[PDB]
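The data below hold one chain only, encoded as structure tokens and taken in the form deposited in one PDB entry.
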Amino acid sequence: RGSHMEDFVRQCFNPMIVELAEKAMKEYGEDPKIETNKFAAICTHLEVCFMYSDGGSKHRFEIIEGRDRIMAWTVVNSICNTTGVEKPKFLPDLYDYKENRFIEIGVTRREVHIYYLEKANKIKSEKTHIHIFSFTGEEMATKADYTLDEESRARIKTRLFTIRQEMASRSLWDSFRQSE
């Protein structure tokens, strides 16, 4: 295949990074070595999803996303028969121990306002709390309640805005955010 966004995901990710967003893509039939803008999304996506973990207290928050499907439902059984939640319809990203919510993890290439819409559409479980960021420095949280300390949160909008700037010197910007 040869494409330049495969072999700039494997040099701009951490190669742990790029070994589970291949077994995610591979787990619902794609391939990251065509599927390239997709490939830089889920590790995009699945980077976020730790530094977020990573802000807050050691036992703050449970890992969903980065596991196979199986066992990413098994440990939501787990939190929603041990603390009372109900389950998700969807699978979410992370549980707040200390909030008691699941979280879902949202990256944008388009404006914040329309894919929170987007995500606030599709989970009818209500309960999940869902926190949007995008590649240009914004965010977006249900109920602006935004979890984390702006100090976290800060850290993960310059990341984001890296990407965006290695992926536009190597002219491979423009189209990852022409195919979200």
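Numbering follows the first chain given and starts at 1. Under this definition, the rigid core comprises the largest set of C-alpha atoms superposing within 1.5 Å between the forms. First, how it differs from the form deposited in another entry.
- Once the two forms are fitted on their rigid core, between the two forms the CA displacement reaches 2 Å or more only for 30 among 30, 139, 68, 118.
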Given for the second form:
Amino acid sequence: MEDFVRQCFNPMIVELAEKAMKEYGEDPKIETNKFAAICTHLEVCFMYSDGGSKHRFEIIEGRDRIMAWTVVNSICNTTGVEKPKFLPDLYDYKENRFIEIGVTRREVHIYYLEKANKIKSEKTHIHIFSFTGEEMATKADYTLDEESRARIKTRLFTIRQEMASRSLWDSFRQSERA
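Would you generate the structure of this protein in the form deposited in another entry, following the form deposited in one PDB entry above?
Left out here are the partners and the other molecules; the chain alone remains.
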């Protein structure tokens, strides 16, 4: 599983995931499903940012804390958009809203509710993906076109397939908590 992540995710994603884990005092070499999840979520974040036109999204996920809030506060100032309680993952310049992107090994509707309840926002859009084709976005507005979405859902499927080929999937599938 450690080998699978090192192999299937690019080196910048793997370094970010390491740093995030070590900041909570966890060891990527032992909490390898968490490691994998983090990498997976980051890749989805970047993929999604690339689904727009050229300048459509601002990436927030993947940045250190000071920079991430610098971006967020700067947007809130230059747009009147209200200030989220938690860092989001993206800002959408076209829809003028922050996005929270979830990637779940469970079911999309449950993770959506959990995410909605943790956020406190009538205003941050939430978009959840699974490894088996499901999405659930706020007010059924999936933001990107179906082809962008499909490239994301397919990549997640491919990840799941690759894990299962290495017998990592059962364990990975069962590692996410409420």
